[PDB]
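K.L.:
All chains, please: the whole structure from these sequences, using the hints.
2 protein chains.
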Amino acid sequence: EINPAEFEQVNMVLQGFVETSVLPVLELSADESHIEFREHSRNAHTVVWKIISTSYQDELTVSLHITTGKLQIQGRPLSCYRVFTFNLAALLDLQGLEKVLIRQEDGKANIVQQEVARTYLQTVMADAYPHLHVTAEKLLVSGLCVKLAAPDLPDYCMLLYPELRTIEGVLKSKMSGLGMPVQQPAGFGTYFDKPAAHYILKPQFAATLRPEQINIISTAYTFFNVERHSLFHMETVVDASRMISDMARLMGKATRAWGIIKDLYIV
Amino acid sequence: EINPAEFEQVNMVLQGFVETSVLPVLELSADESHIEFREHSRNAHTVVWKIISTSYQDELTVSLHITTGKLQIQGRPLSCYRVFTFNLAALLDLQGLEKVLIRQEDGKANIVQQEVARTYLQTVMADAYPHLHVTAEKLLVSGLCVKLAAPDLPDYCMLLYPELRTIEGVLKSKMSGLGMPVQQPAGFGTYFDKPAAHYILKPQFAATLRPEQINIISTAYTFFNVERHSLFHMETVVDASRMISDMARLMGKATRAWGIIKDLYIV
Numbered sequence: 012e013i014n015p016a017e018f019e020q021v022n023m024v025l026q027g028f029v030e031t032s033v034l035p036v037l038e039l040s041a042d043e044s045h046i047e048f049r050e051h052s053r054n055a056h057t058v059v060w061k062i063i064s065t066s067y068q069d070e071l072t073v074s075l076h077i078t079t080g081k082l083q084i085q086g087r088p089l090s091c092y093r094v095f096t097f098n099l100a101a102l103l104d105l106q107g108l109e110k111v112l113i114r115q116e117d118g119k120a121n122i123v124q125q126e127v128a129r130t131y132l133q134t135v136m137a138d139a140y141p142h143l144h145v146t147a148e149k150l151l152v153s154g155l156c157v158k159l160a161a162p163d164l165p166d167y168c169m170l171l172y173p174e175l176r177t178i179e180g181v182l183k184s185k186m187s188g189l190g191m192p193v194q195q196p197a198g199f200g201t202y203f204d205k206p207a208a209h210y211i212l213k214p215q216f217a218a219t220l221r222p223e224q225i226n227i228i229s230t231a232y233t234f235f236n237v238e239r240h241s242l243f244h245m246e247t248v249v250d251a252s253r254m255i256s257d258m259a260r261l262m263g264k265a266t267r268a269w270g271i272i273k274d275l276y277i278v
Numbered sequence: 012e013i014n015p016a017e018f019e020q021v022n023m024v025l026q027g028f029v030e031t032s033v034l035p036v037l038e039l040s041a042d043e044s045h046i047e048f049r050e051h052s053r054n055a056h057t058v059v060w061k062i063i064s065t066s067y068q069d070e071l072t073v074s075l076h077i078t079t080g081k082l083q084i085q086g087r088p089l090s091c092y093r094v095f096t097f098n099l100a101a102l103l104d105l106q107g108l109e110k111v112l113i114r115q116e117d118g119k120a121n122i123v124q125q126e127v128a129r130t131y132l133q134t135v136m137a138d139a140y141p142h143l144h145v146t147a148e149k150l151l152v153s154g155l156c157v158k159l160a161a162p163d164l165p166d167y168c169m170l171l172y173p174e175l176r177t178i179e180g181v182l183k184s185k186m187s188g189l190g191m192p193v194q195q196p197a198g199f200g201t202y203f204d205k206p207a208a209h210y211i212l213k214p215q216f217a218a219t220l221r222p223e224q225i226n227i228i229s230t231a232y233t234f235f236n237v238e239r240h241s242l243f244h245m246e247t248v249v250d251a252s253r254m255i256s257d258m259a260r261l262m263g264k265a266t267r268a269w270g271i272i273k274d275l276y277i278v
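Taken in sequence, the protein lines are chains A and B. Take 12 as the starting number for the first sequence in the numbering used here and just add one per residue. Take 12 as the starting number for the second sequence in the numbering used here and just add one per residue.
These aren't lab readings, by the way, just hints derived from the structure by calculation. Please note that the accuracy of each hint is not assured.
No farther apart than 27 Å at their CA atoms in a straight line, the calculated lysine-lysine pairs in the DSS-like style are these [stated by the list, open to error]:
(1) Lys264(B) with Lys149(A)
(2) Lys273(A) with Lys273(B)
(3) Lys264(B) with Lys273(A)
(4) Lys264(B) with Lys185(B)
(5) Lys185(B) with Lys205(B)
(6) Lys264(A) with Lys149(B)
(7) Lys119(A) with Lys119(B)
P.N.:
The following block contains the structure:
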């Protein structure tokens, strides 16, 4: 089989944006070692940026229509798209999140009864649910509505974005509160070694913690890192046999993610 | 406020029926003390039954179009409708179940990703999920899809049907396996007393059981009886302040029901 993402064209418009909101998303995107951005043009009505990959040939055009608040994304749904929409995701309303995650118009996430999707999230998070940050709760509920109404797609891998962005925020605040700030250079990596396939906290940082703190931080970062690396580096384009074509398999990854999120809050 | 159900007309058609399937549903319906049915006409193509209430003036016309398999229901969505569709519910496909529970055409339960609705049910049922009867699992999953895609309704009370029918089946098999068969005359009631607002097993039947068996059977039957009585006797028409206008409140009843179902299986 062949992954269809590299033959696909993206040209979508997202509502309710101002430039102050878009700048940090571009900067976050450019923290990836293969991603950079630049401003291409600016006048009174429109500002256009270009996100490019320094590895594979790829360029994403992002246009803010200032007067209307509309943010347009144009290109292919490859690495620049995956990176930019990941960092954009927590800012989006339900309509916008669905568009970036399923890459179609006329999605149906807006027909899902939100209170029923919330009771789903309440059940899985259990004693973690009241600890959820406002942004996380909204992203996870909106992400559940997107999963619940997803159309038939060849690859569901992008539907894990709400969980992975949520892991990122909780991991960041948890490590920061434990004396391990995560900031722009080095990032998470200054805290972890990687023998075999798993990341474990370096000895000097582990030595300050209890064993359950050590374990949840290491297992959370490993899951976040491996899953996000696979998405950002198009691993399922390079190896189409790894496409998540089964929604039950996607949910298997989502339930694992929910368990990590839960543990990150109750420790 | 006023409940709109008594001003509403129902005329819907359900797919894939044969007469052998419909007869027991009519007979079950006529086990209610205020409900009776009769066959009105029969030829080679169509058989028509009439369900009537002996209390309030109400008549439901049920027509089986034999050649096409279509089962038509015509009347008002009052007591005969509530009783007949309750006993019909476990027989219906997703489209049919949605029609009887929301009373509209063009529902959207068919766009819900079933595997995501299943993982919802798997999470709430926990160690009970592998114990679920085939019919119960299908009804609960289909019922979840109906809740998830329900349109804006003034009264969501009917959306508890999948849970209440499921409680009924598990309660029946559990009591039967414990020496307490539930059959057509007397029914459940020959096993229970009712002091105050709660049903408790009669002493001679309690004396054979362990305390947790006694408690779950009594709390399950109380919930089933009170909730179903309120639906069958139009309590939210008589007292419109009790309409379940909030989907969060409906889900509160559904989660309680799920907990009873769970306990009924793990005892």
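K.L.:
Run every hint past the structure and note whether it holds.
P.N.:
Hint-by-hint comparison with the structure:
{"no.": "1", "hint": "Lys264(B) with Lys149(A)", "verdict": "24 Å, holds"}
{"no.": "2", "hint": "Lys273(A) with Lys273(B)", "verdict": "23 Å, holds"}
{"no.": "3", "hint": "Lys264(B) with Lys273(A)", "verdict": "25 Å, holds"}
{"no.": "4", "hint": "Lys264(B) with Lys185(B)", "verdict": "22 Å, holds"}
{"no.": "5", "hint": "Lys185(B) with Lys205(B)", "verdict": "20 Å, holds"}
{"no.": "6", "hint": "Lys264(A) with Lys149(B)", "verdict": "24 Å, holds"}
{"no.": "7", "hint": "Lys119(A) with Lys119(B)", "verdict": "9 Å, holds"}
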